[PDB]
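Engineer: Chain by chain, the residues run as shown.
Number of protein chains: 2
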Amino acid sequence: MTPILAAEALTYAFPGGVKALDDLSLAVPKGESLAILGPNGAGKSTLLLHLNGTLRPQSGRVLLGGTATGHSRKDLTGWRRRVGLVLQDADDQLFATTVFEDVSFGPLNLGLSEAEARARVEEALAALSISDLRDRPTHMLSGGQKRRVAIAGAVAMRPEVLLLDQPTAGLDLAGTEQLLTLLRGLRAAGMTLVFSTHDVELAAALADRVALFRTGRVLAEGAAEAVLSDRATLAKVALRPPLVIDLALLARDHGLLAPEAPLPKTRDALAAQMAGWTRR
Amino acid sequence: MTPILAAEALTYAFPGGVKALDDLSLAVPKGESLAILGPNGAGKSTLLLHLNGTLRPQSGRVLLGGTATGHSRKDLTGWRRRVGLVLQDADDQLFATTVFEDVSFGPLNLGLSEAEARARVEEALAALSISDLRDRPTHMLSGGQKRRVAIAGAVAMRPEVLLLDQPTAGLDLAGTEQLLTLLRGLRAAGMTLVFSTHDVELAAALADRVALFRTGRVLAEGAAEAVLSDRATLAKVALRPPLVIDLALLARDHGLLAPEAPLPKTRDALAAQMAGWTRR
Ligand SMILES: Nc1ncnc2c1ncn2[C@@H]1O[C@H](COP(=O)(O)OP(=O)(O)CP(=O)(O)O)[C@@H](O)[C@H]1O
Ligand SMILES: Nc1ncnc2c1ncn2[C@@H]1O[C@H](COP(=O)(O)OP(=O)(O)CP(=O)(O)O)[C@@H](O)[C@H]1O
Ligand SMILES: [Mg+2]
Ligand SMILES: [Mg+2]
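Read top to bottom, the protein sequences are chains A and B.
Counting from 158, one number per residue, gives the positions in the first sequence under the numbering used here.
Counting from 158, one number per residue, gives the positions in the second sequence under the numbering used here.
Hints in this document: simulated from the structure, not taken from any laboratory.
Which copy is meant is left open, so a pair is good if it fits within one copy or across any two.
Quick list of in silico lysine to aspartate or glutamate cross-link-like pairs, DMTMM-like style, CA-CA up to 25 Å:
(1) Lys393 x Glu165
(2) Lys393 x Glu334
(3) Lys393 x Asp425
(4) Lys176 x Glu258
(5) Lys422 x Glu358
(6) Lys187 x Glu358
(7) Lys187 x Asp232
(8) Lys422 x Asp410
(9) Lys176 x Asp292
(10) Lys393 x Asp289
(11) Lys393 x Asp403
(12) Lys187 x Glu334
(13) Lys422 x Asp387
(14) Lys176 x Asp289
In isolation and in its complexed conformation, chain A is listed as follows:
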């Protein structure tokens, strides 16, 4: 059970000297969904860019399938086929073409025939509800529409690992729920997911494991439920628990539960508890 991806002791400063990763290590079990959380500037984006080989560290290394990645053209090509990335700014990921052309580029560049590439593209467009935008120039789109196009282009590649940098920023509710359904489906099909987010509710909905970043290091890592219900540890990266868990931890302290009972984590669970409560 070697992880599919492992960051080992990554240290990276940008040209110009700004330090971004400081001895960062993080292992990603195959088939898991890993949420990465932490403050602006903690190094989440830079870490994702190391995991698909966009950036190379000054020290440390990334392992893919248990082996050090290698830095050749064939190496990097194989690496990027296996590990896809949806950038934080979707506009940076788009080409000056129509939506269909944009999403087609990847599968075609994979040396796929016209037919298998076509099927990939059509399914990706449908999965993100942008089929009707196929002939739209990518610049003639709203921010949330652009986000869908960028995600569709990545998913059309069917990578072994999908990295997403703040995938739901700017998405409307319908789009967020549709993306959740898609990502759950891809995971069920065996895909590994790593996503940065400031949405702790998204982490709660999608992650098996959670890593908290601060100042270029992993401050804490564990199963999603254990980390997301830990008020003191989350506070060290200036986060609160997901709202229902937040309140429900408060309820447990206040003596509203049992005691002996499990913590309500859903709206439904909390609603059921409320019927046994009154005002003082």
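Following the hints, put chain B with the ligands in place on chain A, whose structure we already have.
Structural biologist: Relative to chain A, chain B with the ligands alone:
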């Protein structure tokens, strides 16, 4: 007349023909905080770009202080000084220079002294905890840091009206709380706020009024608590009440809230009410 801004019957299609605003009317009372919500592509950004005179409609008009604006160079300059806009994409708003210089340009272009400009810059940077980035090149920043710099540049100009296009996208929790504090202070000083967002919790925390956009038109507008608790109307733009408000409504359903008090509209407010609950 009385509202500080009024969109009257705005119709706009982009070059190339994509329709964006469809006979849209929206009035903004001076001093209010207005949230604009609605699906990706609904026309939220396009409307904001009409309100500060960036885009000119094919039909309809914008009134500023009850007066039709006009489109001369000097009309536009005066309009933009009175109505600032934080763009949806921070990179579109940042100059290729240091953070301090970027934020200083607005005040300096207003004809203020270097001493006044300096004070405005330092106040804006400190409000969003980025004083220590003053000499950082704006490209050498994370997405959330860039968001803070763009907001700082707009608030340093101290406009009559501040428009914010999805200002918390990519922002961490601390940044969001600091933005709320900043915006509350600016409004107390008399500033009018209009913000587009997909974060309905932000709307709950910050808005006096909420407008719901659908396919280029205002579907509904009203007092924030009324709109954000209106399950039926929210469903028409594929929204639900914010989780805090859902839980507050749920609490009221079980009589756990103030006979007649306004709903808790923030996590802290909901948590406070919890202190007064006991088991049956
Ligand atoms: N530069 C551009 N050229 C052409 N059409 C554009 C455009 N920018 C946006 N559009 C189109 O104009 C309409 C309104 O887009 P707008 O960006 O105002 O929506 P919005 O701000 O509500 C969406 P989002 O929440 O996704 O940011 C949509 O149909 C969109 O595809
Ligand atoms: N292109 C660039 N050049 C130089 N420094 C950069 C940079 N992009 C980011 N940085 C810096 O690198 C560090 C890590 O930033 P990174 O963008 O990886 O973090 P992050 O993704 O956790 C933040 P966010 O939540 O704001 O998107 C910060 O100190 C940031 O200012
Ligand atoms: Mg980032
Ligand atoms: Mg927009």
